[PDB]
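Residue-level listing of the chains:
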Amino acid sequence: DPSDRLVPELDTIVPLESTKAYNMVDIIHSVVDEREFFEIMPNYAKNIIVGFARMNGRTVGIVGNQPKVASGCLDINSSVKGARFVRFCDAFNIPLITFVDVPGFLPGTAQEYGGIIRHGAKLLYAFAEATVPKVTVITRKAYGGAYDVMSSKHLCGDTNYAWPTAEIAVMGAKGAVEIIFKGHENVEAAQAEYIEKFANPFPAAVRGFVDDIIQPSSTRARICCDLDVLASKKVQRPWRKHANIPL
Amino acid sequence: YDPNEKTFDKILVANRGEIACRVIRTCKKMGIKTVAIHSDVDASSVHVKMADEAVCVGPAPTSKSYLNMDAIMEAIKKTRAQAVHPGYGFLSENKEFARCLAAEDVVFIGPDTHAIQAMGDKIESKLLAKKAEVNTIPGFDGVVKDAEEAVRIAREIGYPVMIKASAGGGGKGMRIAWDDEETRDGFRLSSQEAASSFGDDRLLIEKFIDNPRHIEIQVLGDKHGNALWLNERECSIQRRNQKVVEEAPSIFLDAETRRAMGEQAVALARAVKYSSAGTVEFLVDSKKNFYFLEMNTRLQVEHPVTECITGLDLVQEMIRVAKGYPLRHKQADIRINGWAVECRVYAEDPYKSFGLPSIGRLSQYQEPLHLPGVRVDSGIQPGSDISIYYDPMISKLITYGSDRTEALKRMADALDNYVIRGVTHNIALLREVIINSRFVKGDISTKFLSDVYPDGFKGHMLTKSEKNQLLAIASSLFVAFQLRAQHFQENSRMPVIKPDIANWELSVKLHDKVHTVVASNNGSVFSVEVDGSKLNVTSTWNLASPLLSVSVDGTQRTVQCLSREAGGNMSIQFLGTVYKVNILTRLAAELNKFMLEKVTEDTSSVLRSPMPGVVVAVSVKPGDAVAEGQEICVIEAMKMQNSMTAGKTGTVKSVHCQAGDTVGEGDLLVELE
Amino acid sequence: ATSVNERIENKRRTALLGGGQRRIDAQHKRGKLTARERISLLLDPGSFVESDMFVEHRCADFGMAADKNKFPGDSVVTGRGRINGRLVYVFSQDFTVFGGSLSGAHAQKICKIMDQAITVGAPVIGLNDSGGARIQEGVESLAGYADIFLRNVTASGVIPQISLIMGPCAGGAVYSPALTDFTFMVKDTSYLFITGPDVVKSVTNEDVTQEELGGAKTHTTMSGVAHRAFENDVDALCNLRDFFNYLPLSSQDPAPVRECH
Ligand SMILES: CCC(=O)SCCNC(=O)CCNC(=O)[C@H](O)C(C)(C)COP(=O)(O)OP(=O)(O)OC[C@H]1O[C@@H](n2cnc3c(N)ncnc32)[C@H](O)[C@@H]1OP(=O)(O)O
Ligand SMILES: Nc1ncnc2c1ncn2[C@@H]1O[C@H](COP(=O)(O)OP(=O)(O)NP(=O)(O)O)[C@@H](O)[C@H]1O
Ligand SMILES: *C(=O)CCCC[C@@H]1SC[C@@H]2NC(=O)N[C@@H]21
Ligand SMILES: [Mg+2]
Numbered sequence: 293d294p295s296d297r298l299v300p301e302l303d304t305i306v307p308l309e310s311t312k313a314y315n316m317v318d319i320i321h322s323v324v325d326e327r328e329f330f331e332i333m334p335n336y337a338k339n340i341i342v343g344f345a346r347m348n349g350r351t352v353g354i355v356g357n358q359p360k361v362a363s364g365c366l367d368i369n370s371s372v373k374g375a376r377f378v379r380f381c382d383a384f385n386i387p388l389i390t391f392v393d394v395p396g397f398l399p400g401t402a403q404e405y406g407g408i409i410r411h412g413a414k415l416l417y418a419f420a421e422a423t424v425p426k427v428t429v430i431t432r433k434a435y436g437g438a439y440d441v442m443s444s445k446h447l448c449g450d451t452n453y454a455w456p457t458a459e460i461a462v463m464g465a466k467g468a469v470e471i472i473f474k475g476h477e478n479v480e481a482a483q484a485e486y487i488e489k490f491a492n493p494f495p496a497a498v499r500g501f502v503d504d505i506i507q508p509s510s511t512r513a514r515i516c517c518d519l520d521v522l523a524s525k526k527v528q529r530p531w532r533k534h535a536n537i538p539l
Numbered sequence: 056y057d058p059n060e061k062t063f064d065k066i067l068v069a070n071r072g073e074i075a076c077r078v079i080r081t082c083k084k085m086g087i088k089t090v091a092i093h094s095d096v097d098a099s100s101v102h103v104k105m106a107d108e109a110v111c112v113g114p115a116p117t118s119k120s121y122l123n124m125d126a127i128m129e130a131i132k133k134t135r136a137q138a139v140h141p142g143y144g145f146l147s148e149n150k151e152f153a154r155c156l157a158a159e160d161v162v163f164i165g166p167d168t169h170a171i172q173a174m175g176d177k178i179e180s181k182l183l184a185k186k187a188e189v190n191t192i193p194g195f196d197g198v199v200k201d202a203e204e205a206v207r208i209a210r211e212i213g214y215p216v217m218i219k220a221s222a223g224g225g226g227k228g229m230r231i232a233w234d235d236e237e238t239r240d241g242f243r244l245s246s247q248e249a250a251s252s253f254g255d256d257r258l259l260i261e262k263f264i265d266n267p268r269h270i271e272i273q274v275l276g277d278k279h280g281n282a283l284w285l286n287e288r289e290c291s292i293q294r295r296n297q298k299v300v301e302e303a304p305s306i307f308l309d310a311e312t313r314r315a316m317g318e319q320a321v322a323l324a325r326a327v328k329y330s331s332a333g334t335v336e337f338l339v340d341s342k343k344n345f346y347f348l349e350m351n352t353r354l355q356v357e358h359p360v361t362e363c364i365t366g367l368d369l370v371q372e373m374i375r376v377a378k379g380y381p382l383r384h385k386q387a388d389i390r391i392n393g394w395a396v397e398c399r400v401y402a403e404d405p406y407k408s409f410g411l412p413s414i415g416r417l418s419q420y421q422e423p424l425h426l427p428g429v430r431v432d433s434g435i436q437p438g439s440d441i442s443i444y445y446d447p448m449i450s451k452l453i454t455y456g457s458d459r460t461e462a463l464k465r466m467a468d469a470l471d472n473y474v475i476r477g478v479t480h481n482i483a484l485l486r487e488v489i490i491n492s493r494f495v496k497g498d499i500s501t502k503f504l505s506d507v508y509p510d511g512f513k514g515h516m517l518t519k520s521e522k523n524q525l526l527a528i529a530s531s532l533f534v535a536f537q538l539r540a541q542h543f544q545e546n547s548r549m550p551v552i553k554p555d556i557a558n559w560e561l562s563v564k565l566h567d568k569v570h571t572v573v574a575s576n577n578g579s580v581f582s583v584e585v586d587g588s589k590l591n592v593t594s595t596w597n598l599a600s601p602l603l604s605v606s607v608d609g610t611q612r613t614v615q616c617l618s619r620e621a622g623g624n625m626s627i628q629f630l631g632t633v634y635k636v637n638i639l640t641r642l643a644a645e646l647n648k649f650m651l652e653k654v655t656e657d658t659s660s661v662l663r664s665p666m667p668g669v670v671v672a673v674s675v676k677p678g679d680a681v682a683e684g685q686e687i688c689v690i691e692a693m694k695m696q697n698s699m700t701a702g703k704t705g706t707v708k709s710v711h712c713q714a715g716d717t718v719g720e721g722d723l724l725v726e727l728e
Numbered sequence: 032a033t034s035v036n037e038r039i040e041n042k043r044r045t046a047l048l049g050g051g052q053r054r055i056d057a058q059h060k061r062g063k064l065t066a067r068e069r070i071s072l073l074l075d076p077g078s079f080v081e082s083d084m085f086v087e088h089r090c091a092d093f094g095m096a097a098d099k100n101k102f103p104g105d106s107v108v109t110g111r112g113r114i115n116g117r118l119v120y121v122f123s124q125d126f127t128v129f130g131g132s133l134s135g136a137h138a139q140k141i142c143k144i145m146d147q148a149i150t151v152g153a154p155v156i157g158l159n160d161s162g163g164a165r166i167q168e169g170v171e172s173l174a175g176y177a178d179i180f181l182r183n184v185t186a187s188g189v190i191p192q193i194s195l196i197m198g199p200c201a202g203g204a205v206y207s208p209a210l211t212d213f214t215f216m217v218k219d220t221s222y223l224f225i226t227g228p229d230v231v232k233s234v235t236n237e238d239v240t241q242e243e244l245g246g247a248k249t250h251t252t253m254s255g256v257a258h259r260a261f262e263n264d265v266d267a268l269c270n271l272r273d274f275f276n277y278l279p280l281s282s283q284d285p286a287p288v289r290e291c292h
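Chains as they are written, first to last, in the entry's author numbering: chain B, 293 to 539; chain A, 56 to 728; chain F, 32 to 292.
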C-alpha cells in the first residue's frame with residue numbers, strides 16, 4: 293500500500309449544509325492502510341470512535357467523533373472510553389491520530405448531576421499528558437472548550453490541519469450575536485457579517501493555531517509524512533513519583 | 056475536428072449524467088464555451104465541475120429542477136446562451152419547449168416542432184408510415200370502442216393479436232390474448248388501465264409477431280433535404296422492455312435487407328422532413344420480414360456503439376446541422392469497420408426481477424482505460440452518490456474489434472477489470488449474457504431473458520475445473536495473507552523465530568460442501584492439491600491493490616477480494632459472480648463441530664424509536680410492501696435530522712408514527728421486519 | 032516637567048478601585064467580597080508582593096479600542112506571599128472587570144505565576160470567580176484556557192494545587208479546578224456548571240433553576256466534584272489556611288512535622 297495514495301472520495305463526504313450528519317467510520321476506512329480497522333467498543337457510547345489501525349505498516353491510534361449519534365457531543369461514557377484508550381496508547385509508544393467534529397458537551401440535567409466535569413477533565417488530562425506524536429485533523433466543527441479538550445495545538449500538539457469546510461469558534465453564531473450586540477437589538481445583518489468573518493477557519497489560521505488548510509484528498513499523505521518525520525520525538529518532564537489523574 | 060469554420064460560441068446543456076459529459080467533451084473539442092445547469096443535490100457532479108459556469112435550477116425532485124421551464128428560461132437569459140442541448144429524455148420531446156425556445160432568439164438542437172408532433176403519437180405515426188409506402192404490422196384501423204369490435208376484427212386477423220394502449224408507452228399497456236373471452240376480458244382490463252396510465256383511453260389492436268428481433272436503424276438529416284442511414288443496430292436483450300446489451304453490426308441480416316431497411320427509413324424521414332439526428336425501430340421475424348414500429352425524435356442512448364463502427368461523431372454533425380451547414384458525406388462514404396458491443400451498467404440488483412433500484416455512495420471507482428479497444432462513457436466519479444429521483448445509470452462500456460469474437464473477449468476482460476465498491480451493480484448478469492452459447496451462436500430474441508432463466512437469474516454455474524481453480528485461488532490467497540502476517544521488523548532485543556511449517560492443510564467450505572485442500576509455498580509459486588487434482592497458482596501477490604491477477608496452470612485469471620475477516624469468511628469475485636467461502640485449518644474445522652448452532656429468530660417486529668427525537672415527517676404511506684429503494688421517515692433531534700433508513704425488506708403491517716409526531720426512545724414507530 | 036508620575040498614581044488608584052464604585056456596591060449587595068481583601072485575609076499581613084499590576088489587554092475589535100473598555104490588571108490579581116512563614120503563590124479573579132472573563136493578559140499572568148511556582152517549588156492557590164471565556168476575543172481565550180490546562184497537567188504530582196470557588200464559574204473555566212488536587216466551594220454564592228439553565232430549557236425542555244443545577248449542595252452531596260463547603264468567605268479562608276498548614280511544599284520534601292504535646 294503506497295503511502296501517497298490519493299483519496300478523492302473525501303472531497304465531498306462532508307455535507308455543505310451544517311445540519312446533515314455523516315459517518316466518520318467511512319473516513320477512517322478511507323485513510324488507513326487496506327481499509328482495515330479494528331474497532332474497540334463498537335456498541336458502547338457510539339458518539340466516539342476508538343480503535344487500532346496501521347499507517348505505512350506502523351500501528352497507530354485512532355480517535356474521532358461520530359456526528360451520526362447524538363450530533364457528536366461528548367458525554368460521560370465517551371469521555372472515559374476515549375481517555376483509557378489514549379492512556380493505553382501513551383503507555384506503549386503508539387502514535388495517535390485525531391479527527392475532530394464536536395459542537396460541545398451534551399447538555400441536560402442527567403449529565404450535570406452525574407458529574408460530567410470529572411470525565412471531561414479525565415479526557416482533557418489524557419490528551420494533555422501525551423508524549424507520543426499526535427496528528428489532528430478538523431473536519432467540520434470545533435466549538436467551546438471541547439476544541440481544547442480534543443488535542444488542540446496548545447496542549448503540546450505536533451501538527452494540526454483543517455479542511456476547507458471546517459471552522460473554529462467560541463460558540464454558536466446565534467448565541468454570540470444575541471450576547472454581543474444586545475443593545476443594538478438588530479440581528480438582521482449582524483448575523484450575516486458575523487458568519488461572513490468568523491464562520492470560517494481563517495481566524496484560527498492567521499494566529500498559527502493550525503499549520504495549513506489542506507484538501508481532504510491529501511490527508512493520508514500528510515499524516516504519513518508527518519508520522520514518518522515525528523518518529524524521533526523526545527520530550528522531558530519534571531520528575532515525580534506519579535501524577536494525579538482526576539479519577 | 057477542424058476549428059477554422061465558425062460555429063456557436065456558447066452552448067447550454069439542459070440535462071444530467073453521462074450525456075452532459077459527452078456533450079461537454081464534444082463542445083470542448085470544437086473550441087466552444089459550455090454552460091451547464093444542476094440541481095441542489097448535483098452540486099458536486101462531474102458535469103458541473105467539468106463545464107465552466109453553473110446555474111442552479113431548483114430543488115432535488117425532477118419535477119422542479121429539470122422539468123421546470125422558467126428556471127431554464129432565466130438561465131438562458133442570464134447566460135446569453137446562443138444554443139441549447141436537451142440530451143435525451145426529460146424535455147427532449149416536449150414540443151412547447153422547442154417552440155418557446157425557437158420563438159425569441161434561441162435555436163434548439165433537435166428536430167422541428169412539426170416532426171415531433173407528427174411522430175409523437177402512435178396513431179398518426181402508423182398512418183403516416185402507411186402513406187410512406189413502408190411495411191407495417193397488419194392490424195385494426197382506428198380505435199376499438201368495445202370488445203365486440205375487437206372480436207370481429209380478431210376473426211380476420213387471428214388469435215395471436217395484441218391489444219396495445221394508444222399513446223403513452225414506457226414498455227407497458229400491451230396485453231396478450233388468444234381467445235374470444237380472453238379477448239373481451241383483456242379489452243376490459245386495457246380500458247380500465249388506460250385511465251390509470253395516461254387517461255387518453257384510446258386503444259390499438261395489432262397482430263402479435265412471434266419470436267421477433269428488434270433491429271435498430273440510425274438516420275441523420277439536415278435542412279437541405281439530405282438523409283443518411285448509419286448502418287443498423289440490434290437491441291434484443293431486454294428486461295422490463297429496457298435494453299441492456301447492444302450490438303452495433305447485425306449478424307442476422309444480409310446486405311440486401313440492410314439496404315432495403317435503410318432506404319425505407321430514409322424515405323420515411325424525407326416524408327416527415329426530419330432535419331436532425333433520429334432513429335427508426337423495426338421488428339424482424341424469423342422469415343426476414345420487417346415492419347415499422349415507432350420513431351424516436353431525439354438522440355439515442357446507443358449512439359456511441361454505432362459511432363465506433365463508422366468513425367463519425369454524431370454530436371458534432373448534429374451541431375453543424377443545427378448551425379446550417381450541409382452534410383459532408385454521401386451514402387457511398389459510409390462503411391462498416393469492424394465490430395462493436397455495448398452493455399449498460401446499472402446501479403441495481405440483478406438477483407430480483409432482473410433488476411431492482413438501489414442507493415448508496417461509491418467508495419471505489421476505477422475504469423479499465425488501459426485495456427485495448429475499450430471506451431468508457433461514465434458520468435460518475437469516486438465519492439459520488441446514487442439518489443432515488445433519477446436514473447440508476449452508472450456507466451456505458453463500449454468495446455470494438457476486428458470481429459465479433461475479439462470484441463466479446465475484450466468486453467469480457469474489461470468487465471472483469473472493472474472496479475465498483477459501495478453499491479450493487481449488474482456486472483455479473485452482463486458478463487454472464489455475453490458468454491452464453493446461444494448469444495455467441497447468434498440466436499436471440501426479445502424474450503431471450505425470459506426463457507433462458509425461467510426462475511430468474513441465479514449466477515454463474517461453474518464447472519468442476521472452474522471450481523478447482525476457485526478453491527486453489529482462495530487457498531493461495533489465504534496462505535499468502537498468513538505468510539505476510541509474519542513479517543516483522545528487527546527488534547535487536549528479542550529476535551523472532553519464524554515457524555518452519557511446510558505444507559498447509561486447510562478446509563474450504565463453498566456453498567454447502569467441504570473440500571480438503573493441501574497448499575505448499577515455494578517462494579512466489581503455490582502448489583495446491585484439491586481432492587487429488589494438482590494445480591499451480593503463481594502471481595506477484597499484491598495484497599493491497601483492488602485487482603489481483605493470478606496464473607492457474609497457465610490460464611490467466613483476475614479476482615477481487617471484496618471482504619476479509621479473521622473468522623475465515625471471505626468474499627471473492629471470480630468470473631464476475633461473487634462467491635462466499637469459509638477457510639479454516641484442519642484443527643479449527645475439527646474443533647468447530649462442537650459449537651452449538653446459534654439461532655437468531657428474534658422478533659424484529661416492533662421498531663422502537665432509536666432516539667427521543669421528534670418525527671418531523673413521514674414520506675411513506677401507511678401499508679406499504681416496498682422492499683428497498685426507499686426510506687421511511689426523518690427524525691429531528693438536537694438541531695439535527697437523522698433518518699432510520701432501512702435497506703432490509705420490511706413489510707408495513709401498520710404505521711404508528713405520523714408526520715409531526717413526538718416519540719421517545721424505545722417507542723414503536725412502524726411495524727416492520 | 033513630566034506627567035509620568037501622576038500617571039502612575041492614576042493607574043494605581045484605578046487598579047485598586049477595580050472597575051467602578053457602582054459594581055463594588057453591587058458586589059457587596061450580594062454579600063460577596065473583593066479579590067484584594069480576599070488575598071489580604073488569606074496571606075500573612077505585610078508579606079504580599081504583587082506582580083504584573085500594569086498589564087492591559089490588547090484587544091482591538093468590537094469597540095474596545097476606546098478608553099471606556101480598558102482596565103489595568105485585567106480582572107486578575109497575582110503575586111506571592113507567606114502563610115505561617117512558608118512561601119506560596121496565589122492568584123485571584125475579579126468579577127468587577129468584564130465579569131472576570133479570561134483574556135490573553137489574564138491567562139498570561141496566571142501562566143507566568145505558575146511557571147515561577149513550579150520553578151521555585153512552591154504551592155499554588157487559586158480563588159476562582161469568572162463568567163467564562165471572553166466572547167469577543169475569539170480563539171485567544173481558547174488558547175489561554177488550553178495553556179492553563181497544560182500547565183495544570185504538567186504541575187500535577189509535583190506541587191500541591193488548591194481551588195476555592197467563590198462565585199458563578201461557567202463555560203470552559205470549570206475544567207481548571209477539576210484538574211487540581213482539591214476543590215472547595217461556598218454555600219449560596221458559588222456555582223459550577225458548563226451550560227446555563229436557558230440552554231437546558233432550549234434543548235431538553237425541562238424546568239430547572241441555577242441553584243439546583245450548579246449549587247454548592249448539588250456538587251457536595253451526591254455529585255462528587257467538590258470536597259467541602261463553607262457558609263461564607265472569611266471562615267472558608269481560615270479553613271483554607273488551616274488545611275494548607277497540613278500540606279508539604281513540594282513532592283521532594285517529607286511530610287511536615289510539628290511540635291506535639
Ligand atoms: C470555552 C467555553 C465557551 O465557549 S463559553 C461561551 C459563553 N456561554 C455563556 O453562556 C455565557 C457565559 N456567562 C454565563 O453563563 C452567566 O452569565 C454566568 C457565568 C452564570 C454569570 O452569572 P451573573 O452573575 O448573573 O452575570 P451578570 O448578569 O452579573 O453579568 C455581569 C457582567 O458579566 C459579563 N460576562 C459574563 N460572562 C461573560 C463572558 N463569557 N464574556 C465576557 N463577559 C461576560 C457580562 O458582559 C456582564 O457585563 P455587563 O455588566 O452586562 O455589561
Ligand atoms: N405488434 C407487436 N407484436 C409483438 N410484440 C410487440 C408488438 N408491439 C410491441 N411489441 C413488444 O413491446 C415492446 C415495445 O417496446 P417499445 O416500442 O420500445 O415501446 P416504447 O415505450 O414506446 N419505447 P421508447 O419510447 O423508445 O422508450 C417490445 O418488446 C415489443 O416486442
Ligand atoms: C445553536 O445554534 C446552538 C445553541 C445550542 C447550544 C448547544 S448545546 C451543546 C453545545 N455546547 C455549546 O456550548 N453549544 C452547543
Ligand atoms: Mg420504443
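None of these hints come from the bench; they were simulated from the model.
Fair warning: there could be bad hints in the mix.
[Stated by the list, open to error] Result set (EDC-like, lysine to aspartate or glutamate): computed pairs, CA atoms no more than 20 angstroms apart in a straight line:
#, chain 1, residue 1, chain 2, residue 2
1, B, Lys360, A, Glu691
2, F, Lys232, B, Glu309
3, A, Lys694, B, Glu470
4, B, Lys533, F, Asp229
5, B, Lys466, F, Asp284
6, B, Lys338, A, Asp440
7, B, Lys533, F, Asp284
8, B, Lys360, A, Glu720
9, B, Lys360, A, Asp309
10, B, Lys466, F, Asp229
11, A, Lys694, B, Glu309
12, B, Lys474, F, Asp284
Each hint tested on the structure:
1. Distance restraint check for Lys360(B) and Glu691(A): the Cα-Cα separation of roughly 12 angstroms lies within the 20 angstroms cut-off, and the hinted pair is therefore satisfied.
2. A threshold of 20 angstroms between alpha carbons decides the hint, and for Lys232(F) with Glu309(B) the separation of about 26 angstroms lies outside it, so the pair is violated.
3. Taking the CA atoms of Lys694(A) and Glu470(B), the gap is near 18 angstroms; set against the 20 angstroms cutoff, the hint holds.
4. For the hint linking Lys533(B) to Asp229(F), the alpha-carbon distance of about 44 angstroms lies beyond 20 angstroms, and the restraint is violated.
5. With a C-alpha separation of about 52 angstroms, the suggested pairing of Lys466(B) with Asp284(F) is violated against the 20 angstroms cut-off.
6. Of the pairs offered as hints, the one joining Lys338(B) and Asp440(A) is violated, with about 25 angstroms between alpha carbons and a cut-off of 20 angstroms exceeded.
7. At roughly 13 angstroms between alpha-carbon atoms, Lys533(B) and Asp284(F) fall within 20 angstroms of each other, so this suggested pair holds.
8. Between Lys360(B) and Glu720(A) the alpha-carbon distance is near 16 angstroms, which keeps this suggested pair within the 20 angstroms criterion.
9. Restraint check: the Cα-Cα separation between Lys360(B) and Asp309(A) comes to about 62 angstroms, which exceeds 20 angstroms; the hinted pair is violated.
10. At most 20 angstroms may separate the alpha-carbon atoms for a hinted pair to count; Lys466(B) and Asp229(F) meet this at roughly 14 angstroms.
11. This hinted pair checks out: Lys694(A) and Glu309(B) have alpha carbons roughly 12 angstroms apart, not beyond 20 angstroms.
12. Only pairs whose Cα atoms come within 20 angstroms are accepted, and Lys474(B) paired with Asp284(F) is rejected, the gap being roughly 54 angstroms.
In terms of the numbered hints stated before, the structure departs from hints 2, 4, 5, 6, 9 and 12, listed from lowest to highest.
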